[PDB]
Amino acid sequence: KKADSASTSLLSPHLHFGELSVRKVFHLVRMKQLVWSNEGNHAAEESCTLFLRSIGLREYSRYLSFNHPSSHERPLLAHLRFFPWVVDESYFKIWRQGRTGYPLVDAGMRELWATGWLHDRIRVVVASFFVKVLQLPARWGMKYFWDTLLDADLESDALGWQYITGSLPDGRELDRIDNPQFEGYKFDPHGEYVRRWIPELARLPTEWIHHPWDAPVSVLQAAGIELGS
Amino acid sequence: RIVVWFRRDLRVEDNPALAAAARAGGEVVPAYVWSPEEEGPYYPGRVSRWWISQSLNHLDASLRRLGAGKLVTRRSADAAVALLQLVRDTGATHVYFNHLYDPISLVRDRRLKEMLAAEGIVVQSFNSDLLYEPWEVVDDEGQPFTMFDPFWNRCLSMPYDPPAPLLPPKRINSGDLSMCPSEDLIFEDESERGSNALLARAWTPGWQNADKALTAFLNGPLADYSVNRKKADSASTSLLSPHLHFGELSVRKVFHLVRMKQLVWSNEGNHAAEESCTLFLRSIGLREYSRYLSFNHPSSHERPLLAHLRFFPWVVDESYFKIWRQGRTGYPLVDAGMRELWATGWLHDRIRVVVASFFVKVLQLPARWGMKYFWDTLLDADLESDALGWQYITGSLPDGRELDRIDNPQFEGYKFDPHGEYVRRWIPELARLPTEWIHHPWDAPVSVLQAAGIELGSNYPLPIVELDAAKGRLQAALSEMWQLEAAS
Amino acid sequence: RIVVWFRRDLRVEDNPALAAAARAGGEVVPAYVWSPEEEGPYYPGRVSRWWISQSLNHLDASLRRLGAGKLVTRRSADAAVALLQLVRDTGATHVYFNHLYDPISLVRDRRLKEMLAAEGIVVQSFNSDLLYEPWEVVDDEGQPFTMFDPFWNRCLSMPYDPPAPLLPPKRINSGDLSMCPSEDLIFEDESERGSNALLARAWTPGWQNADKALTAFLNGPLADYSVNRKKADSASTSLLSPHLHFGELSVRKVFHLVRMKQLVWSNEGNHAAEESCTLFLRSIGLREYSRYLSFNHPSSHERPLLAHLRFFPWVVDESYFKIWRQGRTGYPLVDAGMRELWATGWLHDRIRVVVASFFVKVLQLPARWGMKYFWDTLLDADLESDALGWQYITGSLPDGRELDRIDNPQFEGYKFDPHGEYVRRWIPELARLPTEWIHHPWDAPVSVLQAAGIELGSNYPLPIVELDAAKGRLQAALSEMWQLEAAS
Ligand SMILES: Cc1cc2nc3c(=O)[nH]c(=O)nc-3n(C[C@H](O)[C@H](O)[C@H](O)COP(=O)(O)OP(=O)(O)OC[C@H]3O[C@@H](n4cnc5c(N)ncnc54)[C@H](O)[C@@H]3O)c2cc1C
Ligand SMILES: Cc1cc2nc3c(=O)[nH]c(=O)nc-3n(C[C@H](O)[C@H](O)[C@H](O)COP(=O)(O)OP(=O)(O)OC[C@H]3O[C@@H](n4cnc5c(N)ncnc54)[C@H](O)[C@@H]3O)c2cc1C
Ligand SMILES: Cc1cc2nc3c(=O)[nH]c(=O)nc-3n(C[C@H](O)[C@H](O)[C@H](O)COP(=O)(O)OP(=O)(O)OC[C@H]3O[C@@H](n4cnc5c(N)ncnc54)[C@H](O)[C@@H]3O)c2cc1C
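Residue numbers (PDB author numbering), protein chains in the order written: chain A, 231 to 459; chain B, 2 to 489; chain A', 2 to 489. A prime marks a further copy of an entry chain.
Excised from the complex, chain A in its bound form:
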C-alpha cells in the first residue's frame, strides 16, 4: 500500500499490452510460494497470496465487462445519474497541474504527468479527491487518465472508477470523504512521497505534511511555507 518505496511490480503497462503472460506470472509466483513455504518464510508466502489477488483484480475487470457490460438500460456510473456535479473547468485545470493544495494529491498529479504511472493507492487518492472534494464529472477525470496513463486499460480503468465512486457493491462508500491524514499514514507514513514530488515542502514536518492548512503559522514559517505563494 505504500507509495514511498517501489513496493509493487511496475508491470501494469506491460500487462495491458500483453507483453507479459499472466499465466507465466501465476505459475512463477506459485513456485516462489512453494519454496518460501518450505523455508518458513510465512510473510513472503502471504505476499504471493496477496499479489495473485491483484492479478485476479485484473481478471475481474474482464469478468465484469463481459458478464455485466455497460448498457443503456443502466450505464457505468448509473448510481450517480442525478448527482449534481460541479462543472468548473478552473478546478479541473488545478487538479491536472497538481496545484490543489492537498500535498498527497498534488504529489501524485505531478508524478502522473512526469512518468505516466501512479501507484494504485495514489490513483485512489487523486480520483477520490476528484469526485469527493472537487466533485467534478467523473467522466472528465476518466478521460484525463486515458491520455496520461501508460497502462490505460479499458476494463481496469472502468473498474477503478466504479470502485472509487461506489457503483460496485464491493466498492468504496459514496457518502464519505477520506481524511487526508488517513490517506497519508497508509500510503506515505513518513511523508517521503510528498517530499520527493513536491520539494517545496521538504522542510515541512510529517505531522502536517498532508494537511498544511492546519499547521500554525510558526510551524509553516519554520518550514518556509507561505500558504498562497
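The set of hints was computed from the structure by calculation and includes no laboratory data.
In the BS3-like style, the derived pairs of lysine-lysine whose C-alpha atoms are separated by at most 27 Å in a straight line are: (1) B/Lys323 x B/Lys373; (2) A/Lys232 x A/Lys416; (3) A/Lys262 x B/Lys71; (4) B/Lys254 x A/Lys254; (5) A'/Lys262 x A'/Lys231; (6) B/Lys262 x B/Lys232; (7) A/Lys262 x B/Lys262; (8) A'/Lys472 x A'/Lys323; (9) A/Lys262 x A/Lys231; (10) A/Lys262 x B/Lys254; (11) A/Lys232 x A/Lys262; (12) B/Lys213 x A/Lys262; (13) B/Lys213 x A/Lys254; (14) A'/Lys254 x A'/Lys232; (15) A/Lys254 x B/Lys262; (16) B/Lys171 x A/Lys262; (17) B/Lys232 x B/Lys416; (18) A'/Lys213 x A'/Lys254; (19) B/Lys213 x B/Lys71; (20) B/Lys231 x B/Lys254; (21) B/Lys171 x B/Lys71; (22) A/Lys323 x A/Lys373; (23) B/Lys416 x B/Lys472; (24) A'/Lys231 x A'/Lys373; (25) B/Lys171 x A/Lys254; (26) A'/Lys416 x A'/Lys231; (27) A/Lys232 x A/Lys254.
Given chain A, put chains B and A' with the ligands in place with the hints provided.
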C-alpha cells in the same frame, strides 16, 4: 483414497502422479517402498543409498508442509506385496505412480498393474522422467532410431513441444495416519555412516537444492557452456546430475527454462550464449536417449551389455584394480579424477571417460569390474545412463569411440585441463610440476622432477602400466578376439 | 648526490632513506646490491630469491614512474666494494639506507659506515622496520626485557606513538644514469625456473600487492581475528608476512591503520572486533620482539641459539628427513602442512608450530636440519623471526613451549583444524575419513578405515614414528642430556 508411490520422482513440482492424486479431490497418502531385492544385479550403490535417505527426509518434510501427515515407508522384497498391504491398512482406492523405463522396472511395474488390478485397485502411471515418451519419437517408417544424432534432431523437430511443467498441489490431505505405520528403512551400514556423511561436503540432496542448483547454472556457467563444457578445471557443467537421476528436478522444466533463455539471448545479440543452450539441451537429450535405448533395445542374453567383447582376454588382476581404485596409477589426470570420485561421489563427464578409457584400454581389466565400482561410488548412479556411458567408451555401438586406440594423456589434458590446475588441486603433490609435464611426469627430465620436488616411485607413483606396452597388448588382445570372432 | 641503498625495504611509502634523499634537494640514485656471499649460512634460499626477482622488477617500475632512470642493480661478494664503486661510478656525496637488526647486518653495516666514511662519504641510516627502536624500549633499571609480555606491554605504554608513515616523494630526481650500468642479477637456477614460477598461483610479490593485501585483511577477516586466528582451515590471517619480511609494507602504517579501525569498532559496540585489533597488533609486536631479541641478546659463542639442547642426542636419519619434507609422515595435520609449504611457500603460524614441533619431538632430528629447509621453502624466510619461532617451539625461551612434552595430534587438530577441512584440502586421499580420526588414523578400527577407503601403508602411510615410542625416546634423550649437563 489415493496412494502416491514415490520411486525416482522425489519432488513435488511437475509430479503428475501427485498432481493427479491431489486434483481428484480425495485424500493423498504418499509412500515409498524400499524393495532393492527386485533390482538384482542393480541393487542401489553405497553412495546412492545415502543420497536416497537424505532425499526422503527432505521430501517427507516438504510433504508435511503441504498438509500430509507423513511419508509412509514400507520394507518388503516385493513392491506389490507392500503396495497392496499399504492400501489394505489405509483402505485406499487408487495407487498412482510415475513409470520408469529401465528393463527392471518396466517388467516389475507392469506386473504390479496386473497384480493390483486383480485385487481391485485402480492404478494409473504417468510420465515424469522424459521430454517425450520413447514410443513417440520414431523414424519416418515408424521404427526406433539407432544413432543419437537422428533421434535428437527428431525430438527437436517433434510436432508438439514437451509438456510444460505442472504446478505443485496447493495442499494435500491424507487423513488419519496414526494406525498406518512405517517401518524405518536402513540405507547405510553402521560402520560406513560416518564416511558417508562427508558426502555432504559437496552435495545437499533434495528437490529444493535441485531447484537452487538449476537457478545457479542458468544464471551462471550456462552462457559459457559452449566453450567450456569439456573443461574440468572449473565448475563448467550444471552439477544437476544426481538430482535428475532421483527425479528431484523436472527435465521438462529444465527444457522450458533453457529454451526461453535461448530466446532472450538470441534477442540480445549473445550468439555464443544462444549456441550454448543448444549444446546443453543436447546433453539433456543424451539422458533421453539413455531411456530410448533401454526401452527399444534392452539387453539381457543374446546381446547383453558389452556383448561384442564377450571374447575379450581381460586382465584378471585384482592388484591393478585396487591401484586404479586408490588413484595410485601414476597417470595424474586418472589419479586426480579417481580421488574426486571417492571424495565427492561425482565426476565431470570427460573425466568419467578418462578414468574409464584408462580402465579398459590401458590396464585392460574386466569392464564389468569398473562398472560395479562406478555403481558403488557415483551419487548419480543411473542404470540407463551408466549403460550408455560405458557403451560409448568401449565402442560397443556406432556412435561410440574408436576401439584400437588409446588417448595420449596430453591430448586429454589439453582438452580437459589446459593449465593442469585440475590435478594440482586433487594431487597437491604435483603442485610444483610445470604444466608441460603435469599430465605425463614419467617423460620429464630428472632435473625437472627434482626441481618440483617429485621423485617417481616414492613421492608420486611410477606409471603402473606403460602406454607402449598397452597398445601393444591392445593389438594382441583385439586380433586374438577377432580371430575368436570369425571362428564361430 | 645521494645514493639510496635498498635491502629489505622494497617499498616507496614510509621509507625514510628515500624520503629524506628526495627532500635534501639534490639528486637521488636508488640502487640495490646483491651480496649474498656476505650472508654466510643465511644466504637467501630458493623461493625467497624468486620473490626478490619479482619484487625488484616491481620496485623498478615504481621508481621509474616517480622520475628515475632505473634502480641500479650491482653484484658483488662485498657490499662496500660494490657500494663505493657506485658512489664513484655515479659520483655521489652521500649514501642513505635504512638499518636492519639481524646479527649479520648489524656488523656488516657498521663496517660499511667506516669503509665509506674513509673515502669521504657521509652516511645516514634510518628506521624502516620497527615501531620502536630496540634500545628505545627497556625496563625500569634500563635493561632489556627477557620475555615478550613485559616488552610488548612497554611498547603499548611508550610515552609517544610509533611515528606516522611518511608520504612517498612527490617525485625523485636521478639525473642521467644512462652512463651507470646495472648488473643483470641471477636469482634462479635455469633448472628451477619452471617450478619457481608456479609460486605465482598463490602470491604476487610487490609494494603494490602488499598494500592490497592489507586493506583486504583490514576490511575482511580482521574483525574475526580474535576468534579465528588459530584456525588453518580458513584464511584467518593477513597473509602479509612475505610482504613485511621484504619491507614492502610499513608496519607503522599497519599499526596506525589498525588503531583507527579499533577506534571505529569501539564506537560501534563491536567488542569482539575491538579485541581482534588488540590481538593482531600483538602479532605485529612478535615481529618487533624478534628484532629486539637479535639485537639485545644475540647469538654468541659463549651461548648459541639452541644452547639448552647442546647435549641433546638427536636422531640423525636422512630417511626421516626425506619423509618429513615429502609430507609422508603418516600424521595428517603434519603431512597436510608439509604439502602446502612445498606448493605455495607459506604456512599458517600454527601449522608451522605443528610441523616443526613434530620435527624435534617425534622424529627428534637436529633442529638445524629443519631450520635450513624452512629457509629454502618459505617466501617470508626471515632471520630473526625464524630464530624466534624455532627458539619458541624448542623451549630455549623462558616464554617458550615446554621441552619435556609432546602434543597429542588431536589437541593440535581441534585447535587449528576442528572439522578436518585443512587435512582434506591438502590430502584428498583422506577426504572420506571422519573428523573423529582424521588427525590420528592409526587409532581407527579397520572397519572405519575400510569405510573411508584407507589402507594404512598403501593408500596413506603408517605413522613413521609412533607417539609412545616418541615419548619414550624423548625422556631417554633428555635424561641423557641432563646427566650430561651436570657432568659439566
Ligand atoms: C481510478 C483507478 C484507475 C485505474 N486505472 C487503471 C488502468 O488504466 N490500468 C491498469 O492496469 N490498472 C488501473 N487501475 C488499477 C491499479 O491502480 C493498477 O493496476 C496498479 O496501480 C498498477 O501498478 P502495478 O503494476 O505496480 O500493480 P501491482 O500491485 O504490481 O499488481 C500487479 C498487476 O495486477 C494488476 N492489478 C493490480 N491491481 C489491479 C486493480 N485494482 N484492477 C485491475 N488490475 C489490477 C495489474 O495488471 C498490475 O500490473 C486503476 C485503479 C483505480 C482506482
Ligand atoms: C562411463 C560413464 C558413466 C556415466 N554414468 C552416469 C551415471 O551413472 N549417471 C548419469 O546421470 N550420467 C552418467 N554419465 C553421463 C555424464 O558423465 C554425466 O551425466 C555428467 O557428467 C554429469 O554432470 P552434469 O550433471 O554437470 O552434466 P551436464 O553437462 O550439466 O548435463 C546436464 C544433464 O544431462 C545429462 N547428461 C549429460 N551428459 C550425459 C551423457 N553423456 N549421458 C547421459 N546423460 C547425460 C545428465 O542428467 C546431466 O545432469 C556417464 C558417462 C560416462 C562416460
Ligand atoms: C618454527 C617457526 C618459524 C617461523 N618462521 C617465520 C619466518 O621465516 N618468517 C616470518 O615472518 N614468520 C615466521 N614465523 C612466525 C609466524 O609463523 C608467521 O609470522 C606467520 O605465520 C605469518 O602469517 P601471517 O602473515 O598471516 O601472520 P598474521 O597472523 O597475519 O600476523 C601479521 C604479521 O605479524 C608478524 N608475525 C605474526 N606472528 C609472528 C611471530 N610469531 N613472530 C614474528 N612475527 C610474527 C608477521 O610479520 C605477520 O605477517 C615462524 C614461526 C614458527 C613457530
